[PDB]
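> Okay, here's what each chain looks like letter by letter:
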Amino acid sequence: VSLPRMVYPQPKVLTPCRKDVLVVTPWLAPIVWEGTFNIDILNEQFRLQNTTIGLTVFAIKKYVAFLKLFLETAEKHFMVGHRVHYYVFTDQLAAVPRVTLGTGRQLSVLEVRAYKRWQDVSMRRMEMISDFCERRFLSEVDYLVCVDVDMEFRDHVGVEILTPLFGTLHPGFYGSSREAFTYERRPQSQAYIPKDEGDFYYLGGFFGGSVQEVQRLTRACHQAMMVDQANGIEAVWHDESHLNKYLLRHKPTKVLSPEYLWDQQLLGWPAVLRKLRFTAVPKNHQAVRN
Amino acid sequence: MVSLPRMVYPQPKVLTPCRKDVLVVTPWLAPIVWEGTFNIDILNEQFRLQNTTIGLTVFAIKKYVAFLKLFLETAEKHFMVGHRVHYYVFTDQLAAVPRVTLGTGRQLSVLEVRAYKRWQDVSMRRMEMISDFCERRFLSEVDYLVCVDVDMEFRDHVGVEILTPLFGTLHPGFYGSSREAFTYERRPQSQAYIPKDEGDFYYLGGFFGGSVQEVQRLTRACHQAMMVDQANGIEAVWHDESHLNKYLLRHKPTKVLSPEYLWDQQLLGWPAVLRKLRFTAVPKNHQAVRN
Ligand SMILES: CCCCCCO[C@@H]1O[C@H](CO)[C@H](O)C[C@H]1O[C@@H]1O[C@@H](C)[C@@H](O)[C@@H](O)[C@@H]1O
Ligand SMILES: CCCCCCO[C@@H]1O[C@H](CO)[C@H](O)C[C@H]1O[C@@H]1O[C@@H](C)[C@@H](O)[C@@H](O)[C@@H]1O
Ligand SMILES: O=c1ccn([C@@H]2O[C@H](COP(=O)(O)OP(=O)(O)O)[C@@H](O)[C@H]2O)c(=O)[nH]1
Ligand SMILES: O=c1ccn([C@@H]2O[C@H](COP(=O)(O)OP(=O)(O)O)[C@@H](O)[C@H]2O)c(=O)[nH]1
Ligand SMILES: [Mn+2]
Ligand SMILES: [Mn+2]
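From first to last, the protein sequence lines are chains B and A. Numbering follows the authors' numbering, in which position 236 of the first sequence is assigned residue number 299; successive positions increment by one, without gaps. Numbering follows the authors' numbering, in which position 99 of the second sequence is assigned residue number 161; successive positions increment by one, without gaps.
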C-alpha cells in the first residue's frame with residue numbers, strides 16, 4: 064500500500080542521527096532513541112495496515128493500586144491514534160478502576176490465580192500470556208506489548224517500537240559489560256549464560272512483538288521455568304532471566320533504549336536520555352508484596 | 063525462528079557507536095549497511111539455519127555478454143559465499159555465456175530474452191523480464207531476489223547482511239547531495255515524478271532486491287508505470303532508475319545499502335567514508351558497447 068505525499072526534513076547521510084549512543088545492533092536491528100525516527104512516516108506506515116496493538120498488564124493483589132495511573136497515562140502517550148486493546152490480568156475484578164478511553168480503544172479484564180510469593184506472580188506472567196494467545200488463536204491484535212504495572216507513561220511511546228520481536232535495555236546495565244550483567248550463572252539452570260556470552264541485559268517489564276513471536280517467546284520461557292522447577296532451581300531474576308536467555312538465542316528485530324523503561328528516583332536523568340517515556344512508580348517492595 | 067548456538071564475539075557497546083561518521087539508520091528505522099555496523103558471524107548463523115536461498119538476476123543483452131566472465135568469477139569469490147545461490151543470466155545469446163566454475167550448492171540458469179534495439183529499452187525492460195520470470199516460477203526456487211547490472215565486478219564481501227524484505231542502494235555520486243539536486247523525474251506528466259521537496263535518498267537502478275514477493279511487486283509496478291508513460295509519449299530522464307526511485311519513496315525499503323555496494327573507482331576514487339569497495343563498475347565506453 065503506497066504512502067501519500069509527505070513533506071519532512073531530508074535524511075542527511077553524512078550527518079549522523081546520534082553520535083553518543085549505538086543506534087543499530089551488530090545483527091542489524093535498530094536501537095530506538097529520540098532523533099532516530101520520524102514518527103510521521105512510521106504512523107502513516109502502520110495506519111495504512113490498520114495495525115491493532117494489544118497491551119498486557121498484570122495487576123495482582125496490592126498491584127491493582129497501580130492501574131489507574133498506568134491506564135490514564137497510557138491514554139495520553141501509548142499508541143495514540145492507533146487501535147489499542149488493553150488486557151488487564153487480575154485476581155480482583157471489582158478493583159479495576161473506571162478509566163475513560165479514547166476512541167478506537169477498549170479494555171478487557173481477565174481473572175487469574177493469585178500466587179503467594181511475589182516471584183511466582185511475576186514468573187507465571189509468561190504462562191498466562193501464552194494460555195491467552197492459545198485460547199484466542201490471535202485474531203484481535205497484530206502486536207502484543209507486555210509491561211509491568213508499577214509504571215506511568217510520561218512521553219510518547221508509539222509504533223516505532225513495533226517489530227516482529229523486541230526487548231528493552233535494562234537502565235541499570237546499559238553501560239555495564241556482559242560479566243557485570245546479572246544473568247543466571249548456574250549451569251544447572253535453563254537460563255544459564257556464561258561470562259563470555261550476551262549482547263544486552265533486557266528488561267522483564269517491557270517486551271513484545273507480533274502475536275506469533277510473543278506466543279512463541281512466552282511458551283519457551285514458561286517451559287524453561289518448568290524444567291527449572293522440576294530440577295529444584297529458581298532463576299536469579301525469575302521471569303527476566305529466562306527472557307535474557309531467549310533474546311540471546313533469538314535476537315530481537317528491534318531493541319529499545321532505557322528511554323522506554325526508567326526509574327528517575329534511583330537513576331536520575333542522564334544526558335543520553337532526551338525523553339523519559341515510561342517510568343517506575345516508587346514502591347515499597349516489601350510492603351506492596353506483603 | 064531457529065535457536066542460535068553458543069557464540070563468542072566482542073560485546074556491542076551502547077555508549078560506543080560503531081560509526082559516528084555516517085547515518086546507520088533511516089528515519090523509518092531501516093538499517094543503512096556500512097562496514098562496522100554488523101557482525102557477519104551472527105548474520106551467517108541466522109540465515110544459514112533458515113536454509114536461505116538467494117537468486118541473483120543479471121542481464122547480458124547483446125554486447126554486454128563480454129562482462130559476464132569477470133562478473134560471475136568475482137561473484138564466486140565474494141557473493142553470498144556459504145549460502146545456496148542461483149544465478150539467473152538473461153541473454154539474447156545462449157552461446158555467449160562463459161563456462162564458469164561454481165562452488166558447491168550454487169547453480170546457474172540461462173534464460174533467453176529478446177534484445178530491444180535501444181539501450182534505454184534494454185535497461186528499462188528488465189523490470190518486465192524479471193517480473194515475468196518471477197511469475198513463471200512463483201517463489202519456487204529462491205527466498206530472495208537480488209537484481210544487478212552486469213558491467214560490474216565484486217572486489218570484497220557481499221553477503222546476507224543485504225537480505226531483508228526490500229532493499230535499495232545509495233547512488234555513489236549523490237550520497238552526499240541534497241534532495242533538490244537528485245536527478246529524479248521532474249515532469250508532472252510522468253509517473254516517476256518527484257517534486258523538489260520530496261525524496262529521502264537517490265537510489266540505484268543497478269542494485270536492488272528483497273524477498274521474492276516484494277521484488278516481483280516492485281518490478282511489476284515499475285513496468286506498469288513505464289507502459290503508462292510510453293502511452294503518454296514520455297520516457298523518464300533516467301529510465302528504470304527513475305521509476306525505482308518513485309517506488310522506494312512511496313514504499314520505504316527495509317534495508318538501505320551504502321555506496322560500498324555499488325561504486326565507480328575511476329570516476330569517484332576511494333573516499334575515507336568507504337572502508338570497503340565491495341561491488342564496482344567495470345569502466346566502459348558508453349557509445350560503442352551500447353551501439
Ligand atoms: C548496580 C546497578 C543497579 C541498578 C538497579 C537494578 O535494578 C534491578 O535489576 C535487577 C536485575 O539485576 C532486576 O531487574 C530488578 C531491578 O529493580 C527493579 O527495577 C529498578 C529500575 C527499580 O525500579 C527497582 O526498585 C525495581 O525493583
Ligand atoms: C552529480 C553526480 C555525478 C555522478 C555520476 C552520475 O552517474 C550517472 O547518474 C545517472 C543519474 O543521475 C544514472 O544513475 C547513470 C549514472 O552513470 C552510471 O553510474 C556511474 C556510477 C558511472 O559508473 C557511469 O559510468 C555509469 O554510466
Ligand atoms: O503481587 C504482585 C506481584 C507482581 N505482579 C506483577 O508482576 C510484575 C513484576 O513485579 P515488579 O514490578 O514488582 O518487579 P520489579 O519492577 O521490581 O522488577 C508487576 O509489574 C505486576 O504486573 C502483580 O501483579 N502482583
Ligand atoms: O546494450 C545493453 C544495454 C544494457 N544492458 C544491461 O542493462 C544494465 C544497465 O545498463 P548500463 O550499465 O549501461 O547503465 P549504467 O550502469 O551505465 O548506468 C547493464 O549492466 C546490462 O546488464 C545490456 O545488457 N545491454
Ligand atoms: Mn516493576
Ligand atoms: Mn551499469
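Incorrect hints may appear among the rest.
Claimed, not checked - So the derived label-pair ranges between C-beta atoms look like this:
1. A:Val299 / B:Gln328: 55 to 61 Å
2. A:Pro72 / B:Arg110: 51 to 57 Å
3. A:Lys131 / B:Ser240: 24 to 30 Å
4. B:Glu138 / A:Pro333: 47 to 53 Å
5. B:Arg198 / A:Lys258: 37 to 43 Å
Think of the hints as simulated: they come from the structure by calculation, not from any bench. From the three backbone atoms N, C-alpha and C, an ideal C-beta is built for every residue, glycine too.
> Indicate, hint by hint, whether the structure satisfies it.
Now the hints, each set against the structure:
no.	hint	verdict
1	A:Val299 / B:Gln328: 55 to 61 Å	59 Å, holds
2	A:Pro72 / B:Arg110: 51 to 57 Å	40 Å, violated
3	A:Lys131 / B:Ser240: 24 to 30 Å	50 Å, violated
4	B:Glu138 / A:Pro333: 47 to 53 Å	50 Å, holds
5	B:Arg198 / A:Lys258: 37 to 43 Å	54 Å, violated
Going down the numbered hints, you'll see the structure goes against 2, 3 and 5, while the others check out.
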